[PDB]
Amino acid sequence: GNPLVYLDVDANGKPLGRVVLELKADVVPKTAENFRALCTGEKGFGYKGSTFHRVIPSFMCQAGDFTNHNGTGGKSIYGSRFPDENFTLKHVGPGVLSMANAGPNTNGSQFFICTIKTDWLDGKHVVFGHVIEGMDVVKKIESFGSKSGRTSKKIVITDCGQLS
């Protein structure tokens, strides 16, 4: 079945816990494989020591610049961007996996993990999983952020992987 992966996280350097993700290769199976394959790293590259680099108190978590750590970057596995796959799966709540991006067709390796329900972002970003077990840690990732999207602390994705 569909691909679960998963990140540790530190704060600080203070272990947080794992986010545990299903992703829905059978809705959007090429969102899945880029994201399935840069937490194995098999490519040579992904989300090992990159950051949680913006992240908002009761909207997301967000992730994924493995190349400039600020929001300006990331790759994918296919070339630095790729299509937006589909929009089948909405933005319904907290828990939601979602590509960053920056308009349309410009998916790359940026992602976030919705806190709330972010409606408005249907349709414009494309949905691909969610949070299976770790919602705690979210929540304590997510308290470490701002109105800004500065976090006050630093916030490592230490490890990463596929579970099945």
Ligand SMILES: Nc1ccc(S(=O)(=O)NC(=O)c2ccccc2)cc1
The other form holds:
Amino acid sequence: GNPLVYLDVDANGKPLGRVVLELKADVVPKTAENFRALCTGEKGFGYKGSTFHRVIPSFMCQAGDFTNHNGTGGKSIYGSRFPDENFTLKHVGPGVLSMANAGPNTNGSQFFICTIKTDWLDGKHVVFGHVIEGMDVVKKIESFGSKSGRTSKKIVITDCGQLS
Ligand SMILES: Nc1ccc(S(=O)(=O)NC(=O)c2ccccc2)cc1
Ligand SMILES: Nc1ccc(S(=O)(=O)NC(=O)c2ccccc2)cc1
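Alongside the form solved without the ligand that was just displayed, please also present the structure of the form solved in complex with the ligand.
Then the entire complex follows, led off by the chain already shown.
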């Protein structure tokens, strides 16, 4: 079946717990596979040790820039960027996992977890999964954001990987 992966998250060195994500490989196999491999680190790089660098309350929590840690970087397992696979899954509500980008066909490694329905992103960001467990952790992360996106605590993915 579809992969289950996890992110274990600290805030200022205090563990918040685990976010478990189901990746919709049946709908977006290429996008799901990229994220899965970045969680395991099996290509020699990935999310372990990186941060949630931009968090906006009542919107989303963004992470995945494991090279520049500021929204400019990241890379996929395929190359620096890869195309939008499809827009079949929609930004339906809290817990949606979707690709951050810099316009059409600029997927790398950055992603966001929604804390609300974000319908205006439909057709612009590739949705590829959703939170299975740990929305409480996501709400903690969200609470350390601000309108500007600046975080008020250092939010670190201390560990990540694949469960099944
Ligand atoms: N990942 C991601 C996707 C889209 C955008 S955005 O279009 O530049 N800003 C908002 O969508 C928004 C909505 C509510 C409050 C603040 C910002 C930003 C990050
Ligand atoms: N790096 C990067 C990240 C996101 C984007 S975007 O979402 O396609 N456009 C804007 O964010 C934006 C905001 C205000 C004015 C003009 C554009 C583009 C590049």
